[PDB]
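First comes one chain, alone, set out as structure tokens in the form solved without the named molecule.
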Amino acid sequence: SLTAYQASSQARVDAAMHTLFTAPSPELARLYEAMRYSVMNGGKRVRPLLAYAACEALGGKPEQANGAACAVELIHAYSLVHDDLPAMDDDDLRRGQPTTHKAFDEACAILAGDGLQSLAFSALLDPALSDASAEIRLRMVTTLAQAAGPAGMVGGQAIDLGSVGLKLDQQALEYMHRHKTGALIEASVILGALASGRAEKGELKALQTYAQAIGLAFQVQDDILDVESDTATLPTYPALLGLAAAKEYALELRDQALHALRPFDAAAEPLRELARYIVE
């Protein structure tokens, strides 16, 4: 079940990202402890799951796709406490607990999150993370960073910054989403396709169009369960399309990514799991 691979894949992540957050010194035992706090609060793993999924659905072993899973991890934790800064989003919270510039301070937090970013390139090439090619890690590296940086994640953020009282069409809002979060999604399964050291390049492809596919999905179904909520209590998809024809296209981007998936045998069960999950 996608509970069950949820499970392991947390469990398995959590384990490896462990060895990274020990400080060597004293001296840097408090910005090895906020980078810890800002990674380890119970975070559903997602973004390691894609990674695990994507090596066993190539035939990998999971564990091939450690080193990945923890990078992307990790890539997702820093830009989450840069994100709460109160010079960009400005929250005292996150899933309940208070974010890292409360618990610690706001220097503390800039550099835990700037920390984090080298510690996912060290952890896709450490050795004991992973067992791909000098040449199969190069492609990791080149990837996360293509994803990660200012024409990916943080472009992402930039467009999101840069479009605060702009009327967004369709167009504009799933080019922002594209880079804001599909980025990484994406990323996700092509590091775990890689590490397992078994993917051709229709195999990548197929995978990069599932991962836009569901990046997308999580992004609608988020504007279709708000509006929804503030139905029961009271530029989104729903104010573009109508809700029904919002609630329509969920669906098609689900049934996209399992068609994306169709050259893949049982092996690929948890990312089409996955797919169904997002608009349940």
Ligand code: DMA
Contents of the next structure:
Protein chains: 2
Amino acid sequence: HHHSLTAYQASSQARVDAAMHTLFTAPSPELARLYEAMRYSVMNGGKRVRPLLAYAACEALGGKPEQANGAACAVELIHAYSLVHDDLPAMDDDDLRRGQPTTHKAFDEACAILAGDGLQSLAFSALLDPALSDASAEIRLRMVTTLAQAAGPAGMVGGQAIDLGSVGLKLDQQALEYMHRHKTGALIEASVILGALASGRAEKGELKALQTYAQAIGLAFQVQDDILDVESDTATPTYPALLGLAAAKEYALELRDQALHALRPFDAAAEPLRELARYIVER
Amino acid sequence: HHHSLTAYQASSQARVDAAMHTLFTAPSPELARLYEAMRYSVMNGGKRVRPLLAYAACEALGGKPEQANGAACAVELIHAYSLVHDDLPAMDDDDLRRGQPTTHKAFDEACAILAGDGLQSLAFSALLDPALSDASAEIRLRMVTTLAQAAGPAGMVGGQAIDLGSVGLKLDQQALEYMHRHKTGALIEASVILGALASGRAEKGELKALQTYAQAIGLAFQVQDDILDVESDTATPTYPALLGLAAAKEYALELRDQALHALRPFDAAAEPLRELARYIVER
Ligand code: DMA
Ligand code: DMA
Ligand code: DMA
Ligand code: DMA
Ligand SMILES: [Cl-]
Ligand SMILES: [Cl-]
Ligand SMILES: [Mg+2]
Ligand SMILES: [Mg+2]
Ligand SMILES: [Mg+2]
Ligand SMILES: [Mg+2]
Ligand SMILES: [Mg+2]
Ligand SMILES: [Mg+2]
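Having gone through the form solved without the named molecule, I am curious about the other one (the form deposited with the named molecule bound); can you provide its structure?
Below: every chain and molecule of the assembly, starting with the one above.
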């Protein structure tokens, strides 16, 4: 039972969905299909957890959540574009995502490539759109810089590349964690740091804490994902294989605890971040 | 005979090549192949004309050319990433570019997808890298915003999408120009506007002139490209087909003239921009 988190997710998804709407109107008829493809790729069925994170970090520091609209859109658009390319035939070659045809299936491969390309750019536009933030010049430099680092070849793209190059190879835990830290950790950290920055009230100490929280939940998610695949398996390169199931479950709990410890400096305004940490390993 | 332009191209290419070197060192062994793929994609044999444009616009306004290093890198990296995805099997399915194997041929498709993805991000990092510019907060907001608009779905990516969706269709001149304006015009304009902005001395009037120049040379290039394909054809949807060869050649001259007219407000510091305009339609 996680009532307030369900309500927080709902408000988070509504706010970022309405914010994004303004981004996806093609400027002309010739551009309509590309914009439709991008829209399709964002209507992917996700829970907008990265926007959730942006908004929650903003409010933890005292900002109005809408101050983080630019951040929330930007991280969701980065996340969207990553999934579209990830599904491509040359990559994971998936026909479905969350029950629906993937973008290259609903459209075609060439459209899907570009839709992903278009979405990465729009993510940066969104971050700087004055309708989406009121942030000050240097804060927004911090934010833009951050997003590019987190999404690029030393971040999420790097993580995808590590994934490809790990096909075959026998990974240990340190290598598995390195790969996850890049593939999904980076953008999760960016989510919380961008949200915090967006409040205008962010101090060095507070960002450190939030980065610690974010690193912890990013790993907890991947550990629990593996645990759930195993448990669903005994229903009808992974953490359980490396550690054994029992030990994997404890690891996930220790990470949830490290995440909650990181949030000790904050007041009740940080409760959604705390409830998410709990949910990730409870789910 | 275009002696000073040859020397300008040479200095332009050396400066941006040295500037980019600092970007392409992988932070770890696991990331080496991705960074190698990106490097490969930038060592594509091009003349760095977009960097040329950035540096020339900067110097036309009185800046030291290195002030535009961030701009020059960013537009070349955007240009690089566009070619890698453009060559992909789902897109143009080219095995060679300028005589060399394309990135998906030297590496594989999945690597090439990501290399293009990584390069788009690095382009934004480069633009904000303090080693590459000294520009002030609001100027650099103008620049970042500009690059995202020019490269994204209302710009170059849009142009690629128009290209795909024009397969088949019978284009008139107005539609052909609309497609070119997006596919290559946008990023050319961005090149000159980013360079100008990078000087710190850019005024509204001067940017207008440079945008006019850039729009004109962007079209002149595409018209002359078509003319050269025809002339090489009688050696051993296009402008010549739409207009006839004779008329296409005149059109290219009228565009060169519109470009040079746009530069009337500037002194001798704008000569490289003038010599490029001449070269494009003389070549
Ligand atoms: C800790 C965290 C961000 C988990 C996100 O899971 P996901 O990537 O499947 O999220 P979404 O449902 O937003 O796609
Ligand atoms: C950054 C990114 C796209 C991660 C998805 O990785 P994956 O292919 O292992 O996960 P999924 O099951 O979502 O395809
Ligand atoms: C007017 C202009 C920018 C022409 C560029 O030609 P190109 O795209 O082939 O340039 P490069 O040789 O730099 O790839
Ligand atoms: C933005 C971009 C990649 C343009 C290249 O278009 P093209 O495929 O018509 O030209 P090329 O002959 O270089 O592939
Ligand atoms: Cl639309
Ligand atoms: Cl390297
Ligand atoms: Mg994958
Ligand atoms: Mg996948
Ligand atoms: Mg897993
Ligand atoms: Mg093409
Ligand atoms: Mg091509
Ligand atoms: Mg042509």
